[PDB]
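S.K.: Here is how the chains run, residue by residue.
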Amino acid sequence: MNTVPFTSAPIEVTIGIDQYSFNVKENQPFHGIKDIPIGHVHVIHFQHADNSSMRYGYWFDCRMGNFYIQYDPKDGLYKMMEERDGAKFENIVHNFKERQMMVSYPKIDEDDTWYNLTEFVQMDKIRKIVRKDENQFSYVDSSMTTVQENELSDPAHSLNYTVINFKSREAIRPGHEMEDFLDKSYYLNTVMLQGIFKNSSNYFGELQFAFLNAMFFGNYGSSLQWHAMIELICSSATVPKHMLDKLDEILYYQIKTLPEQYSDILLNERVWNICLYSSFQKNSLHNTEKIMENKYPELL
Amino acid sequence: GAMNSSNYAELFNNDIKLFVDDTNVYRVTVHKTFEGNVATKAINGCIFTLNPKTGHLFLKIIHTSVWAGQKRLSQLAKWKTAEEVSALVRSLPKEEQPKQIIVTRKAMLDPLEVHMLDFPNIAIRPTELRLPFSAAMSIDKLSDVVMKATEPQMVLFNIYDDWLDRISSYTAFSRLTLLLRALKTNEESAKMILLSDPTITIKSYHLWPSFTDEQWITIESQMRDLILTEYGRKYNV
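These protein sequence lines are chains A and B, in that order.
So the mapping is simple: my numbering equals the position in the first sequence, first residue as 1, plus 118.
Mapping of the second sequence onto my numbering: position 25 corresponds to residue 10, and the numbering continues sequentially without gaps.
To be clear, the hints were calculated from the coordinates, so they are not data collected in a lab.
Just so you know, not all the hints are guaranteed correct.
Mimicking DSSO-like on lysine-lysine, the simulated pairs with C-alpha atoms at most 27 Å apart in a straight line are [unchecked claim]:
| no. | chain 1 | residue 1 | chain 2 | residue 2 |
| --- | --- | --- | --- | --- |
| 1 | A | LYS285 | B | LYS91 |
| 2 | A | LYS285 | B | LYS133 |
| 3 | A | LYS285 | B | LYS84 |
So here's chain A without its partners, still in its complex pose:
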């Protein structure tokens, strides 16, 4: 189990670690998070008590280095940093654990929620969507735009999601206009899966990362990308059976985790009604359709 120590907590802040969250008081003796499960990516996220503007946070994998958080009073945020000195890092963590100045990642043994949300998400793929190659961890916030949003403005601070545009020459073969617009199988299987993603795992990894950035940061462009990747599958007549069965699991756990009170801002009525009730795959998402009908029947 790995540890993200904190230098201090000089400003009152709600701290997120994956799907969990904790309130820390101004100058409270808080020195970080221990017992973080090895084997998954994680996200540590922040919302300041005195300015709920900019949710922000860091995607990381404790297998890739020793990371800690330090408040920067100039830039006014909690920053993730890497410690290259292993013995210094172990000595700081040991001191904080002995003084019980750390919260424990509160995982229930029965509880596969975080695995179910991050099954296909890998740090190397996050670092290609979020470009800052000098760090092994990835900063995301509420306001960051996507490459596609910027096309329709600082490119270094952008989310490089794969551009999906149903009315683009990439999506429509000359001579197959009606076929390709009404059945997106070409666009899904040849252009996206065989061409850009190489396999369904990379496609699902990006879809899962988009959802988590939408949910944890209220990142609007991430929400658009999540819905576009759902709609591209549901709008395709020809999808491998394993991909449909896996999409149903992926979406079920996303819909299960979503805060009930955020459904109005995180769920697109048009996309979900189309995917569940009109699309080629309207009958392929049994688990997702049942949880959506029982939890958010007003959206539908």
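Starting from the known structure of chain A, fit chain B onto it as the hints suggest.
M.R.: Using the frame of chain A, we list chain B on its own:
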């Protein structure tokens, strides 16, 4: 965006534009079968593609063979319309290509946008105008060429005859929409108004009768009376 009464003069400026009306592309008669079920029989249709400034009409005749063994014909008809308008634009020299295509029905927007991806600078727009272009098949010479077609054909007309020698394109369009609205509302009464007097004929190379300026005023008044008379009958008003 959408074309309405706020931007009506835009139709007669010097930016090439076309109206596309798909109403008459897929046309059927509905009839009983021997077993007492119902069946459709397609008849020849047409795309109505009009330059409202010049009167140039690109009438693409849709022959019934294009529907043979096809499904969801009302959906296909929109895509076939977009395919043929796209083909017409590509057939025109660059300086004759439209800068805007206005579709009379909003269901034509996505099919035309997708067929015109290669032309990102041609704007595809809906209109809030209710234009009577469905009544095109009430113009005897347009009906005759559509019904006689034995294969796909494009026929070029000037829907204003020689009117632009005497009137502006705004006035020519107003006269056309009034004639087509009257033909749509009461075809028999409109044709009686147009053809009753046998001393006024239609030139071989025209669509409408050779009315003098004063006779056009009389005809236009009789068309307005027809439309009001019919509105009084519909609503008992």
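S.K.: Each hint needs a verdict: does it hold in this structure or not?
M.R.: Consistency of the hints with the structure:
| no. | hint | in the structure |
| --- | --- | --- |
| 1 | A:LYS285 <-> B:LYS91 | 16 Å, holds |
| 2 | A:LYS285 <-> B:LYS133 | 38 Å, violated |
| 3 | A:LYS285 <-> B:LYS84 | 19 Å, holds |
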